[PDB]
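*Asks:* In case you want the letters, here they are:
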Amino acid sequence: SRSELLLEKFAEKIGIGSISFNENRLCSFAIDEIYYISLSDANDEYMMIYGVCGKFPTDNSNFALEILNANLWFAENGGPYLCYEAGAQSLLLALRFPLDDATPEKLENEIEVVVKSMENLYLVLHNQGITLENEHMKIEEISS
Amino acid sequence: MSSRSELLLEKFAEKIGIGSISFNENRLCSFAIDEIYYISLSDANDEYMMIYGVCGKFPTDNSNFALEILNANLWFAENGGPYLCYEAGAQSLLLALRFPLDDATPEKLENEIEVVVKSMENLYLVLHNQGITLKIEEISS
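Going down the list, the sequences are from chains A and B. Each position in the first sequence, counted from 1, maps to that position plus 2 in full-length UniProt numbering. Read in order, the letters of the second sequence are residues 1 to 134, 140 to 146 in full-length UniProt numbering.
Hints were generated in silico from the structure; no laboratory data involved. Mixed in with the good hints, there may be bad ones.
Said to hold, decoys possible - Simulated coverage check for chain A against chain B, where a stretch passes if three residues somewhere in it have a Cβ under 8 angstroms from a Cβ of chain B: (1) 41 to 54; (2) 96 to 103.
Claimed, not checked - Taking CB as the label site, the calculated pair distances span: (3) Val115(A) x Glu142(B): 42 to 50 angstroms; (4) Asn64(A) x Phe12(B): 39 to 47 angstroms; (5) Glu142(B) x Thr133(A): 49 to 57 angstroms; (6) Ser30(A) x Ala104(B): 49 to 57 angstroms; (7) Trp75(B) x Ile141(A): 34 to 42 angstroms; (8) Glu35(A) x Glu87(B): 26 to 34 angstroms; (9) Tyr37(B) x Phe31(A): 50 to 58 angstroms.
For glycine and all other residues, C-beta sits at the position ideal for the given N, C-alpha and C.
Let the sequences and hints guide you as you build the complete structure.
*Replies:* Structure (C-alpha cells):
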C-alpha cells in the first residue's frame, strides 16, 4: 500500500532490491559495523594488537586534539593507546601483548579489550555526527 | 681593555641575561644549564593515582604537530607506557601514567615518577632533534 510503495521505493534507493512485506507484514534487514583488528609479530617478547579505526582526517587539527585528549581516559582506565600511523594515515588503537605466559584465551581477551575501546571510540564520534573515512554501514534484507 | 675573546664572553653574557662574567686565572669560565621537568601527582580515584609529565603548552594552531605526537604514541604504546595526552584546561602536552595503590610503596612511586621523567626525556630529545620546541647561570671554574 502506501507503505509497500515506500518499502520498495526505499529498496530502489538503498541499492539492494526486490523488497516486500511478507505474510506477517514484516520485512527484516541486517546491518553491521565491521571492526578491523591486526596482529603484528612485533618483536620476540611482545606482539602488537592494532584496532584500525579508519583513515584520519589530517586536515582537521581540532580532531587530532580531541583524540589526543581522549587518551587521558585511556590512560586512566585500561589502555589501548590512541595513535596515528603515518603510512596509511589511519587512526590506530594500540595495545602490546606480552608473549611470556601468553595464551589464546589471553590473546582473545586482549583483542576484546581493543574492540571494546573501538566500540567506545566510535559511539562517541557517532553521537557527535563524526564519521571517519573508511566507515561503511552495509545493509541487506533477510528472512523476516 | 680586553682580548676579543674576553669581549665575546662579555657580549655573550650581557646578551644571555646574566651579568659580569670573565675567564678565571685558568682562562676558564663555566656555566650550568638546567633542563627542568615538571611532574604532578594526582589523587584521582581511591584505587589508582595519576602521574603527569607536564611537557609544556600545546601549540593548538599546528595540525601537523598534533599528528606527530599522535604518531609518537605508537612508540610509547610498544614500550612501558606513559600516554601522550592533551589537556584542554591548560592546553598542555601531558605524559600520563596511572599508579596503583594496591601494594604501593614510595619506592614504587619513585620508579614510576622516574619512568615518566625518562619518557619526557626521550620525547624532548626527539622533539629537539626535529628543531621543535614548546636556564643558564654562570658557576665556579
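*Asks:* Among the hints numbered above, which are violated by the structure, and what are their numbers in rising order?
*Replies:* none
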